[PDB]
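To begin, one chain is listed below as structure tokens, in the form deposited in one PDB entry.
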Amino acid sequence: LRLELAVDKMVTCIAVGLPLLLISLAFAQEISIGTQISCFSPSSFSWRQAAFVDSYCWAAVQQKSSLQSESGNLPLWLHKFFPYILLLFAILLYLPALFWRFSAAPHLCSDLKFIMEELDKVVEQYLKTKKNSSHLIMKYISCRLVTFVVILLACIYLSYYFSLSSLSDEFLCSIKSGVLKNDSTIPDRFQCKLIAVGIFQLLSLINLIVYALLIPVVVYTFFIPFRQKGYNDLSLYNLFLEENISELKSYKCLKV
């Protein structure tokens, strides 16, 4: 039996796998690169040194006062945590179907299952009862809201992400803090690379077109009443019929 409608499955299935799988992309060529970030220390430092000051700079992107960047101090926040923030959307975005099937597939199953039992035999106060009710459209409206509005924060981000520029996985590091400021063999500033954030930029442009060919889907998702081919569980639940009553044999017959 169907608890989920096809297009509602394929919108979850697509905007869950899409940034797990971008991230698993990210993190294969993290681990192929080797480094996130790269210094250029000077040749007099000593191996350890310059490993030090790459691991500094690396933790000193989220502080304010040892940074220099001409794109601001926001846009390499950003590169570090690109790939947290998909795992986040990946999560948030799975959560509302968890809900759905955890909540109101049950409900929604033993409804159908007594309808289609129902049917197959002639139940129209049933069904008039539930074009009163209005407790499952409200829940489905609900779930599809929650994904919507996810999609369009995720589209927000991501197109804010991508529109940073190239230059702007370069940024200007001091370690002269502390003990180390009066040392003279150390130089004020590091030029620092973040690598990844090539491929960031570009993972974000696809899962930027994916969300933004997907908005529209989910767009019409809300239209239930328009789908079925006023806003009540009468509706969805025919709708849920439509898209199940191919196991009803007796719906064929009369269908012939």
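The term rigid core refers to the maximal set of C-alpha atoms that superpose within 1.5 Å between the two forms. Residue numbers count along the first chain shown, from 1. Compared with the form deposited in another entry:
- The two forms, fitted on the rigid core, differ between these two forms by 2 Å or more at the CA of residue 31.
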Second form
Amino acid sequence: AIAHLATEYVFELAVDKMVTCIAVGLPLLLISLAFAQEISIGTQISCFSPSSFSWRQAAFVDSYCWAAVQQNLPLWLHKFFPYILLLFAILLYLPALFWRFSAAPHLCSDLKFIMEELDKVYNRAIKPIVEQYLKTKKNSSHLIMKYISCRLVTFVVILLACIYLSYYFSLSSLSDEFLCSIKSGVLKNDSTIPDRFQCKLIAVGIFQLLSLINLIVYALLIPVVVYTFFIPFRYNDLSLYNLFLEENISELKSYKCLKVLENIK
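Compare with the form deposited in one PDB entry: the form deposited in another entry:
The following holds one chain only.
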């Protein structure tokens, strides 16, 4: 049931995790809404098998035509549509996976050092190596390149998704039906068989609507991703550390005091 999907979701900067969780989670959700669960009914294609065709002859036409999709461009998309959404899902996850593997371990070690030293600064203020170290990160653009690349690849893939979905949704209405033919090889010569079988890719009607839903959300997601490039308003690694430091304020025992002190004073 759909609840077994929704509860699988209802029950690394925060906005970028949200962007990724949307960017990846939605198409995986939509695929699970599209090809799976009972709205899809029993089959993906069916065709006017003649009344003379046996139950398996008719099933042979339907299954042959499901291959014959690849032998026209919208039909090719309409068949592979779940995998194409999955491909976008994977391609949107990879920036976060690359971030996790290539950038997050350095940032983790740096932030943990920074936070502990800043708590020492507060302890000593009650009672500058870290500042010089931070002022050295001020003279660096290594980790921000990784971050920008992750945001930029996400932005590019989202645009490719929006382009693909806009094209797909616009073309879908014209082309959920096609004129298959089983007449090939030897049995091309079979006079008992119609020259072409009309077939409907029954799932295309679902994919059309859900492509629009995916397009709308990604069209909403583009400006949120674009906003990530406004880094100094949110271009040196220190600015990225500062943003992650502002994120990790939850851990700054000192800041929980010092911000209250500042806010009153």
